[PDB]
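What follows is a single chain, given as structure tokens, in the form solved without this ligand.
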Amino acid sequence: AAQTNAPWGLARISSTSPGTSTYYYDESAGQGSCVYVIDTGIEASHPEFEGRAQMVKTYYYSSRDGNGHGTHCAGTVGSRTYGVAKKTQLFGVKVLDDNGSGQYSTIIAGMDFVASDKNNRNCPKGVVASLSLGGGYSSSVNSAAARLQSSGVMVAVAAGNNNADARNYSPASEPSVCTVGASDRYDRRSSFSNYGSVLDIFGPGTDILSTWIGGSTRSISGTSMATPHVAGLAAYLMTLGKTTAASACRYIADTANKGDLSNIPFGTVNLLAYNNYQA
């Protein structure tokens, strides 16, 4: 399949070179997989989700996304127009309030919830968890992400928007999960993106058009936008039988475009997510 005039981030992960505008992908489109979006919630009624999204857990008064951050990330995962895996199943877990904030104890509970809730869902091709959140270092938050990964879920987390070493931020500094950095459309490291030896992969993170609350769309930037690119790609690759949850991050790194990015500090990988699609 080929989506013309696609968002630049989708066209980037299906090309060996920047500047293209078509997103080439296999028609399976992550069908059979499930992706948990642990964020501010999802506007599941958005037409771009085609009824493939639903809220399963909230830690606040309502399950509605009163912010838009979680709806935007879910749209990059698997919306019809702006998603990597356009046929995947989307589950929303609201651990952040409508201001985009949340206590670590609630974030830890949301991860432990996903590790158990996946056992009563029908996801034959695999389960993915996308965490576009983070803060200061916490060994309890890192351990919760490691538990979720060990239970059999592909965990993708954002590296942070501090332009610093991600080793001082959680759950980005957990080695067992897949930490995602951000890049722009000219194959430059996003000026805000964190770095360090803990980063596994980079994704499109600057000026990312996706869904928004109120049935709308908008473009924002952050490593919170690059993470759903890797999460959606994982669900896309697992549906193809190429990899599994325990080794998706390593497979994505092994098959990535190497050496394409600029302004990458020494000690940080120069790897850009890529689906290796061939018609």
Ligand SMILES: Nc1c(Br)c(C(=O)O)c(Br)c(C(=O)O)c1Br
Contents of the next structure:
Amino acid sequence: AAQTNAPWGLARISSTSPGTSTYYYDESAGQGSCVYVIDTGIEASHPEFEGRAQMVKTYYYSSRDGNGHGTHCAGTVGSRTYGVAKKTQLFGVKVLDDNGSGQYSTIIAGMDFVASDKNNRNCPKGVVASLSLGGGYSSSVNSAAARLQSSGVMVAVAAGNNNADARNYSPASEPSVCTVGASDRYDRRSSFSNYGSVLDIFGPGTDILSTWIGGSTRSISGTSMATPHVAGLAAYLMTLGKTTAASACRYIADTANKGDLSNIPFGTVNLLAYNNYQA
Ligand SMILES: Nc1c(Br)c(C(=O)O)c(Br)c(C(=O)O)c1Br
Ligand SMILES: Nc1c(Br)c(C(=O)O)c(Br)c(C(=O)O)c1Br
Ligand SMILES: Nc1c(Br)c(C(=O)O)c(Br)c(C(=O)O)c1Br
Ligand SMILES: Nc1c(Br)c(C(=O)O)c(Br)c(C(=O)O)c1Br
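Please supply the coordinates for the form deposited with this ligand bound, as a counterpart to the form solved without this ligand shown previously.
Below is the entire complex, every chain and molecule, led by the chain shown above.
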């Protein structure tokens, strides 16, 4: 399948080269898979989700996204126009308040929630969790992320936006999950992207168009935007049967575009998420 005039990051995910604008992908499109977006919520009524999004948990007075961040990330995972895996099922878990903040104890609870809740959902092709969030190092936060992964969920986490070594951030620094840095449309490391040995992969993160609340759209930037590209890619590749929740991060690194990014510090991987789809 081909999506013309796609957001640059979707075109980038399916290309050996920057500077194109068509997204190419297998029509299965993540059907039968599930992605949890653990964030500020998801505006499930947005037409872009087509009935495939639902809120399943909140720790606040509403499960609505009163921020936009979660809706944007969910859009990059799985919206019809802005998403990587256009037929996945999207489950929202609101661990962040409408200001974009949340306590680590709440975030941990939400991770353990997902590890159990997947047993209440139909996801025959597999389960992914996208965590566009983080703060400073916490062994308890990393452990929660590790449990979620161990439980059979492909966990993708943002590296963070401090232009620093992601070793000092959680859940970014958890070795067993997939830690995602950000790139721009010219294959440069995004200016804010964290780096370091704990990174597994880069995805598009600068000037990413996606859904927003009030049925709208906007372009914003962050490792928060790169993470759902990788999460959606995982869901897509799991639906294709190419990999599993336990092996998908490794598989994405194995099959990445290699050596094409600029301003990658020595010791950080130079790997850009790629679906290796041959039309
Ligand atoms: N990403 C990107 C874009 Br967008 C464009 C463009 O203007 O469409 C060009 Br001309 C290039 C290039 O340097 O060839 C690149 Br790389
Ligand atoms: N935790 C966190 C914060 Br706080 C911010 C921010 O300063 O707004 C951003 Br832009 C990101 C991102 O990289 O998307 C992340 Br992850
Ligand atoms: N035992 C086992 C299984 Br079952 C699977 C799997 O789900 O196919 C994987 Br991807 C691994 C691995 O991650 O290496 C292992 Br070890
Ligand atoms: N595989 C690989 C890569 Br990717 C890169 C790179 O990051 O561009 C380099 Br600098 C080397 C090298 O050491 O020659 C190799 Br081998």
